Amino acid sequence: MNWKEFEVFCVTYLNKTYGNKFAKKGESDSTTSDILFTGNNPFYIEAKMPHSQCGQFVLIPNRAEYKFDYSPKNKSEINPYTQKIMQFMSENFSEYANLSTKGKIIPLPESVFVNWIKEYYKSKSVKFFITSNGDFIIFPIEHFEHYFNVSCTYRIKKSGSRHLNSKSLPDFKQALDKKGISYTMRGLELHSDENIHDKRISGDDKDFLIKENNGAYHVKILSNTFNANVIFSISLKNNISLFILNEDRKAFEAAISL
């Protein structure tokens, strides 16, 4: 299953097991965490799949100063663990200056990465995580390191897409006719008898993507920003103790009972 379905399967599990007190926030909605417990003591729960990514922050390479700078447009403030990572990379600047989509892993200890994740998700009022290994496993944020192995890398991650708008349809129609294919466009609703799902066309300093949602096709404009962010990757540990899973399951049942 995908992550969208996985978040639903978690909250449908929580609602059936503990009552209808778990609201899911928007999918791809990033302003807050996934699941909101609407009890007397309300808190958030974050659903991760066994192989997930776990937060990021962009660093701008100051090639003139040979140091790395925190992007002022980041959405989380610098914590002592952010400055630790930045201090390492700027000590090894030239080895990290060659930005790449493949990225360079950061060989600092895993404890520092756990701490950054702990502080990032505490700022989001996350009290517990939920994930499955065949059955659902739930634990509070303070026991994170006992469930996930954390790697950290510095890689380019191209920014996301936007809807095609009124201004850029002329460039998109011109790029589609140069491709030589059926179509008819009513407004921005694109119709065609040929399957053009996930087709990518280019032109006029813009790359477009075509997707079907409601029987017809709509168009996305791909980004042009290619910045580099420190980003974390987590993997669920295979053999986990059972004294720990029950101890943190009861901490969860005690938290939704306040």
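Numbering follows the first chain given and starts at 1. Rigid core (definition): largest C-alpha set, two forms, superposition within 1.5 Å. What changes on going to the form deposited in another entry:
In the core-aligned comparison between the two forms, the C-alpha of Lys25 is the only one from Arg249, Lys25, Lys21, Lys237 that shifts by 2 Å or more.
Given the form deposited in one PDB entry above, I would also like to look at the protein as it appears in the form deposited in another entry.
A lone chain is what you will see next.
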């Protein structure tokens, strides 16, 4: 299954097992806002597939000072583990200043990355994680390292897309015309008997992406921003202590009962 199906899988399990107290609906925040436990002791439940990513922050190379600057537009504050990562990269500036999409791994102790993850998810009121190895596994953030292996890389991650809008619509119709695509527009929705799912076309400094949705195509404008972020990858352990697992399930059952 994909990660969206996985998250629904997790929510359904929580509600059927522990009562209909776990919400996954409405808008999300610019930070992690996954599953919400809606009881008297509320907290957010972060769902992770066995191979996932797990937080990030953008660093800007300062080639005059040979150090990395924390982006003022980042959405989490510098903690000591942020600082240890930045310090390591800055002391090794020439090794990290040539940005790449393949990334460069950061060889600090794994506990630095685990502690960053703990600090970040705690700050977003994420108190528990849920994952699955065939059985559901629920555990508190303070015990993260008993469940996931963690690594850390610095890589270019292109920013995301945005919806086609009215201002861009003439440009997009002209891009379809130039590419020879047969089409009709219903507002901002695209209709075509051609097979153009995942088609990429460009026009007037905009890269467009076409995606099939129900009975029409939805059109996106891709980003032109290619900044680099420290970003954490996690892999579910194959050797999880059943003792820690059991006490952590009780910790969850306590949290939802307070």
